[PDB]
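There is one chain below, alone, in structure tokens, taken in the form deposited in one PDB entry.
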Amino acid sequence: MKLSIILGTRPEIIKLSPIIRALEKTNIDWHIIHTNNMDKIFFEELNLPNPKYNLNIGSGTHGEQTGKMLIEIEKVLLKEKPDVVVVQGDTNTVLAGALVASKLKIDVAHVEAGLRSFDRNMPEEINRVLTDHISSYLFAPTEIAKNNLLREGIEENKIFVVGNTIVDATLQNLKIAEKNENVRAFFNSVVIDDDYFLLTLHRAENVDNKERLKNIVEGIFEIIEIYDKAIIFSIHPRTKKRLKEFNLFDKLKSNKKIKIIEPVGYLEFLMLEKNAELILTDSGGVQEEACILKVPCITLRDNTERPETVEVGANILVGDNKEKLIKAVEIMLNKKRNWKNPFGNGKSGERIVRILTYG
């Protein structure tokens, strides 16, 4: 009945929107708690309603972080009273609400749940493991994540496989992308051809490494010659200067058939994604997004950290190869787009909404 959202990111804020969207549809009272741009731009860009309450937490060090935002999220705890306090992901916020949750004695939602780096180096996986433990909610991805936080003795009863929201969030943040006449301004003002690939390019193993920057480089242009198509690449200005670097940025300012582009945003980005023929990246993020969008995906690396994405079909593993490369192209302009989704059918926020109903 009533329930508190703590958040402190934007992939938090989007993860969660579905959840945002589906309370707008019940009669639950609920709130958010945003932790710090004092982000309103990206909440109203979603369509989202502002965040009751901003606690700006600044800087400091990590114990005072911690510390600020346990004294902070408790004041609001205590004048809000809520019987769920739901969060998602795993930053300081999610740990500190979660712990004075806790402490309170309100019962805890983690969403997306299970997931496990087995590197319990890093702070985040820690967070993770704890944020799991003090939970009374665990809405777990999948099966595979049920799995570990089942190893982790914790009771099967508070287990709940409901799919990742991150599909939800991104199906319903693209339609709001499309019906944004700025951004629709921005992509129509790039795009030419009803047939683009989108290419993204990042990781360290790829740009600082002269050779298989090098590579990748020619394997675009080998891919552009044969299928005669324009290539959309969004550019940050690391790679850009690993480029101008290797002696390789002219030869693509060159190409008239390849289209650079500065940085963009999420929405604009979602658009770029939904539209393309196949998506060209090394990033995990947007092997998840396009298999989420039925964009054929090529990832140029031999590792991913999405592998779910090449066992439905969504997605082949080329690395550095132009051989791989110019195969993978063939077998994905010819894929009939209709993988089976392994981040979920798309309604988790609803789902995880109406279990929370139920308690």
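Numbering follows the first chain given and starts at 1. Compared with the form deposited in another entry:
- In this comparison between the two forms, the rigid parts meet at a hinge, and the single option from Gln172, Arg301, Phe246, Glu225 located at it is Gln172.
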Given for the second form:
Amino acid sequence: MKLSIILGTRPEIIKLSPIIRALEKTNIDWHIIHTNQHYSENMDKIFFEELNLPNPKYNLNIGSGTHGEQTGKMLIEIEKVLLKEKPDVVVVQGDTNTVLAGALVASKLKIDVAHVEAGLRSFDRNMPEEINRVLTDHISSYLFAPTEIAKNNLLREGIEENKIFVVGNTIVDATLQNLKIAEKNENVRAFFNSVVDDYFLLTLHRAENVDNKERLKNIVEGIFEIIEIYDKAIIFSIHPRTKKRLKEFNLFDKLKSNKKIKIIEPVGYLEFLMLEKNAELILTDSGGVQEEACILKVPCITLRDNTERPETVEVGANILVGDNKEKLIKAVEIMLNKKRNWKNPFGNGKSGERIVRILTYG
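Now the other one: the form deposited in another entry, given that the block above is the form deposited in one PDB entry.
Left out here are the partners and the other molecules; the chain alone remains.
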């Protein structure tokens, strides 16, 4: 009858864009509820613009806070909307606090929850993302798993097979809908040329990496060392959480002092795809960037002790180095010489359309 998409953050907007593209080709009555978990223009507005997405019908203006504060406000405010609008399906993507809050509200209202990117596991169930995803999976009526590994994760937790659909990851659709747009846009090319030929691309924002000063210090030390050993320039797109933490721990001024590191504010998706595509290698703790690196055939080094997309490591596209600078140094050598051929485990880029078809039929 009626579908509500609930989203809050940069990666959700990007990964829901192919679902929105598919919904636009149907007669389905649907709208977006934005929690405004993310609110800075370069974390939010820019994606609605570049991805040609409609304005949310509801903006809850929750923003930042501690987990209980933020999630609690979300339960209160999302419920007010769902009690009024009464959709019969709620769609949430991924593993943010917005996802959990949307699913929890819907489940108690007896509204079917469709979870896009279901079944991913790092088995670091101490991570807030792992908590969010596990809990959401257990109250979902449709579990859209990106891979057979994810499906098997769900089966091992006793979830009924008829709820699970292996549809690929919508990030393939997004990277495939937008890379050629980025490549053929003169403004995007001009941005790229203003910022950049040999470089490593870095993003870092996991709570467990940037909220912990000695882990953050270790990673910064590691980056300084990569630069000296390999004589490589680094382009660092800096998440606002990470900027705040770097300043809190007095590490920010040391990065800006390093003339081989170019620090840039968060950029739009088209701009970022260009930075990824052209990087000699990608260093990250982002979930989506691990996937994009794999899709774009650019070697990835993941600054985490584990990942919830192990298929990237399994196919040879990615290597985990955590906090450890020696592991990081060795990984750079390995990946610098790595042939950029590997399988893509995440599907053929029509996941959004498949998800909408499944929800249409039920």
